[PDB]
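S.K.: Take a look at the letters that make up each chain.
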Amino acid sequence: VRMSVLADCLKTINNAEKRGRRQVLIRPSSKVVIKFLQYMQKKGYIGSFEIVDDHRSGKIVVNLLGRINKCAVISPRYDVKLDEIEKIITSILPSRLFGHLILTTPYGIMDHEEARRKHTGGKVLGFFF
Amino acid sequence: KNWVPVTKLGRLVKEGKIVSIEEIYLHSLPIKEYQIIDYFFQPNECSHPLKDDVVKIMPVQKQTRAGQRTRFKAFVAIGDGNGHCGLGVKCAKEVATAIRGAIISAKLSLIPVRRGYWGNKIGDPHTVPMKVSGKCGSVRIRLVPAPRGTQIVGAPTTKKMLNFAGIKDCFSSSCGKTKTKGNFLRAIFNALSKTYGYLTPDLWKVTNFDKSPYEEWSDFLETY
Amino acid sequence: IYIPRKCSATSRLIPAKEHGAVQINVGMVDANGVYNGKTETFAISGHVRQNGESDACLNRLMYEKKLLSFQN
Amino acid sequence: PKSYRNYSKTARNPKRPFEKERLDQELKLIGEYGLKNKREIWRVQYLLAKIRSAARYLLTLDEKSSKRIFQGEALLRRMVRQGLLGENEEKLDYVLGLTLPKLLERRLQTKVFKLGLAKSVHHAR
Amino acid sequence: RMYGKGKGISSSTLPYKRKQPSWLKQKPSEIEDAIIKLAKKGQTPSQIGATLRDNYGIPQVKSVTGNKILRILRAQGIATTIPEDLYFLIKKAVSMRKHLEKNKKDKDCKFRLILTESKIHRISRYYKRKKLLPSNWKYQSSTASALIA
Amino acid sequence: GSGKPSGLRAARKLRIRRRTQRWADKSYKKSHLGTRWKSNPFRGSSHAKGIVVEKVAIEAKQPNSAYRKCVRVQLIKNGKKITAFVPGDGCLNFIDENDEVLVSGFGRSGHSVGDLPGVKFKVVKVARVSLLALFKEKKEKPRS
RNA sequence: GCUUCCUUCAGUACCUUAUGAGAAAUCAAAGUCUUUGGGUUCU
RNA sequence: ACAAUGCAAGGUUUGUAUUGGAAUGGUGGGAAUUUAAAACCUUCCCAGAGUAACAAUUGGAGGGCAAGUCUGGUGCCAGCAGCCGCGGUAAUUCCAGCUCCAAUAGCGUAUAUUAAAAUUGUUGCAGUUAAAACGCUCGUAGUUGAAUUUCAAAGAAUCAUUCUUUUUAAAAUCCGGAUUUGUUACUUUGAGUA
Ligand SMILES: [Mg+2]
Ligand SMILES: [Mg+2]
Ligand SMILES: [Mg+2]
Ligand SMILES: [Mg+2]
Ligand SMILES: [Mg+2]
Ligand SMILES: [Mg+2]
Ligand SMILES: [Mg+2]
Ligand SMILES: [Mg+2]
Ligand SMILES: [Mg+2]
Ligand SMILES: [Mg+2]
Ligand SMILES: [Mg+2]
Ligand SMILES: [Mg+2]
Ligand SMILES: [Mg+2]
Ligand SMILES: [Mg+2]
Ligand SMILES: [Mg+2]
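So the protein sequences, as listed, match chains K, G, Z, E, U and Q. Residues 2 to 130 in PDB author numbering are what the first sequence spells out, letter by letter. Residues 39 to 262 in PDB author numbering are what the second sequence spells out, letter by letter. Residues 11 to 82 in PDB author numbering are what the third sequence spells out, letter by letter. Residues 2 to 126 in PDB author numbering are what the fourth sequence spells out, letter by letter. Residues 3 to 151 in PDB author numbering are what the fifth sequence spells out, letter by letter. Residues 2 to 145 in PDB author numbering are what the sixth sequence spells out, letter by letter.
Simulated from the structure, these hints should not be mistaken for laboratory data. Hints are not guaranteed to be accurate.
To be verified - In silico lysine-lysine, DSS-like type, Cα no more than 30 Å apart, as pairs:
{"id": "1", "chain 1": "G", "residue 1": "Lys215", "chain 2": "G", "residue 2": "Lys89"}
{"id": "2", "chain 1": "E", "residue 1": "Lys39", "chain 2": "G", "residue 2": "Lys206"}
{"id": "3", "chain 1": "Q", "residue 1": "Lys31", "chain 2": "U", "residue 2": "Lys121"}
{"id": "4", "chain 1": "E", "residue 1": "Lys16", "chain 2": "Q", "residue 2": "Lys14"}
{"id": "5", "chain 1": "U", "residue 1": "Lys132", "chain 2": "U", "residue 2": "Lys39"}
{"id": "6", "chain 1": "G", "residue 1": "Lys197", "chain 2": "E", "residue 2": "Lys16"}
{"id": "7", "chain 1": "G", "residue 1": "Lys94", "chain 2": "E", "residue 2": "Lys37"}
{"id": "8", "chain 1": "G", "residue 1": "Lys89", "chain 2": "E", "residue 2": "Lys51"}
{"id": "9", "chain 1": "K", "residue 1": "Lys82", "chain 2": "G", "residue 2": "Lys159"}
{"id": "10", "chain 1": "U", "residue 1": "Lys29", "chain 2": "U", "residue 2": "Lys64"}
{"id": "11", "chain 1": "E", "residue 1": "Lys120", "chain 2": "G", "residue 2": "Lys198"}
Could you build all of it, start to finish, from the sequences and the hints given here?
M.R.: Take a look at the structure:
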């Protein structure tokens, strides 16, 4: 059935972007998903989003700036050491100059660059361009 | 070399009403006459000239009630060697004629390709900006940006296309039948085209529009 | 360095060989109703046109300006 | 036992042996800098290539990573010593921008040819 | 749906407000008493809830009383040894088995019986994993009939 | 869905399927089955020495029309009888009806080559003189 | 009370349409795939 | 190798046939040294190239694939050809000669292996029709598993962002102040490794 809420949400977002929507109803909100969205917002790819609280798993609706090329999960959240990062990023995201590879790291979720700055690698959630 | 221009854009280009082919690209205008392209890339005046090549002359048979009926598809890559690449096809009875047709086709095609950088920007862009990937038929190719000193790691045909485009340094892939040369070429072209239509953090800016040739010079076209 | 054109609706940004995509130009009024000199502009990508959402997008754009008034 | 005197291949072969353009380029190089084989060219490519690889690796690391600063710096210094870079172009992004001409220039024969001494490259050799 | 190809979504969905509505006069104690009475009268949890909703004015025992109805039954000590859903399943299985005994050639019934058995085993397992069932409790096709009471 | 499991703890399945499936690869099977050593004249070797038993002609595949000159030889190593095609414009007569021939593969591992039906072997030395040398003739002459 | 019309569920087909896919035939799934990782069994 | 003329082409210079003085290893012999003793290495001194006979080969020239629709011979024969193909009297493929091409003191052939192979696919394949969805469902191990539990807030530096400081609950500990709080995976630092 659901397994990875986050992945599904990201897929939905991607679809919305492709269509050229504006708004998009990410249907089960999750702390992790919220965090991811926040991160995205910080690096400009997403606009506002109104996490609507039901009395259940919440819905988010999210405001899109027509700016994302793709966003994605990389399931199997592979543990990833700090040295192992570079190769992974080469494999994944389109240019060294841009895109972001989001890790959950014991210092909260943050992008590959952030991780590098810190020192800790961790488990790899997803990415955008 | 004088020619009576049919289309409006062509007419405009006949005089010095347009600066660069860049302008025409900007407003997504349909270039009809190869004459326009020629005018924009002459050996005199202009810097880099359009170096062409007949990358493939494949013979191609129709099989009528009386034997075969061979035509020749020519493919040509045309190239500035700096920004502009083009890829033309023409099926015709004689080889020379086909080639001629193909050059015109290539000119019509002619596209601007964004060269970018690997790592960080130093003097003059060189590779593709990001992994761009075209498909045509089975063959899908993924140009990946490389560091400066790399050459075009890739097939001969891909190298040929990429030099014309004005990419110096790249990494090719190729899923699918690359023996089918035309398709491969098409794929490469598609990939190149994708470079502008990508939308990088560079281009978040909403810069107000330029005025098209057709509104900026409409008054001048009323005379003819 | 030709910086390509951003579809004013969806921001998709549109290449040379798109065609399809259109830069629709809307002429202004000056109090009377007579044609003011100025012109407010929208580029529309090909994709939206193909979809048929183009009209909707245009309406939204107008609403965002002051040019027309109903949104949808 | 075997000796411990370890030894190493200085030159990799091409890959695609009858590519026209590459061949022509090689021939041109040979002509210009008075070389005996394609082997010499290959050797020099290898020499260049190792350096280039190193540079690439360094660039993958960030600045003020110890390794990058030390090893990268060393590489840069070596390049400078060799007469590959000099004053203007000593930043590690530049050591990628080396080509074969840059390297061949510093061959002794080439130098000899430059600094009077002999009428030709062949003569110098 | 766990077993069919059924994919329907017919469902109760409760209202946003989960502090009881203004019009509800019943104090909690009274409602508890009523619940107890219902339980005594032979009703099962779900049935009891339904009765409460319909006959008396009360939507959800959870909004009036902090506790859910099973919990309150447990507190009062009139909780069944053998959980509602599981019990129902067992009953169904028993019924199926009787039919089979009567009427040997029914293939569809047999197939469905197997399915119900499987579901019981899932449910049963789950209950064991908690502490509603004892660990010494297999479900047996021989015993089953006696178990339900 | 992918087809494959992509769990974090999935590795067992992933390995195991690959291990079973490898064997569908023809080349891999050729390499790793034990029947290589059993069912092969050279018995995992580059060449083999065989005395000749019969100078013999072999008619080519249908489109082409020739009688290719082979030599049916017995491997000293293995006691195996095999036809080995002899190269050269006139190099059947350069060998004797009983000569210690050194025979190699034809170029395609076991698989047969070109016009020839089922001759997988190329004699390339007779009485220790090189067949090629003999063919050239300026180099050598067959010692006996 | 039944009948229609509206909306909506669950089936279930068809039609046009794909800056979606595909080697094409075709496909609202064969789409969201070199912008490759939702889960999983089998081959 | 170099320079003269002779010849050549190019917008006077490069290129290439006659001459002819310079250079030098190789090879030969002495030493100096080397070495346990020799031999080599290097070192010096005598010898010492013009067809510089001090003589470069190997495998190719239809395509793949760089290089001949050059000359004779053969005539579905002999043969070549990794593959497609060539040969049935113009063979650009055989056998030669000439010319050219590649790599060159090396260059072929064979068998194995890696890459080419995203043709074993974790990254990374494919399964309507190309090989491939178990007839169907249940099912143990296996793999996978909704959301939820301290969220946040404020100040200083830098070119909207980066790095830093401070506090916002509860319990135990220490003379109102100050300081400990599930396990493992994971990750970071280490330590210790020939
Ligand atoms: Mg000993
Ligand atoms: Mg099930
Ligand atoms: Mg459902
Ligand atoms: Mg895939
Ligand atoms: Mg060729
Ligand atoms: Mg051969
Ligand atoms: Mg002839
Ligand atoms: Mg010949
Ligand atoms: Mg392999
Ligand atoms: Mg690979
Ligand atoms: Mg395959
Ligand atoms: Mg099939
Ligand atoms: Mg089936
Ligand atoms: Mg199970
Ligand atoms: Mg969870």
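S.K.: Next, verify each hint and record whether it holds.
M.R.: Hints, one by one, checked against the model:
1. G:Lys215 to G:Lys89: holds, 27 Å
2. E:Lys39 to G:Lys206: OK: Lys39 (chain E) and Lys206 (chain G) at ~23 Å, within 30 Å.
3. Q:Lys31 to U:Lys121: This hinted pair is violated, its Cα atoms lying about 49 Å apart.
4. E:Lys16 to Q:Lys14: The given pair, whose Cα atoms are some 38 Å apart, is violated under the 30 Å limit.
5. U:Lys132 to U:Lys39: holds, 28 Å
6. G:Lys197 to E:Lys16: Judged against 30 Å, a Cα distance of about 15 Å means the pair holds.
7. G:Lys94 to E:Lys37: violated, 35 Å
8. G:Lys89 to E:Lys51: violated, 34 Å
9. K:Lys82 to G:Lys159: holds, 29 Å
10. U:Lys29 to U:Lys64: Distance of about 13 Å is within 30 Å: holds.
11. E:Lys120 to G:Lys198: violated, 38 Å
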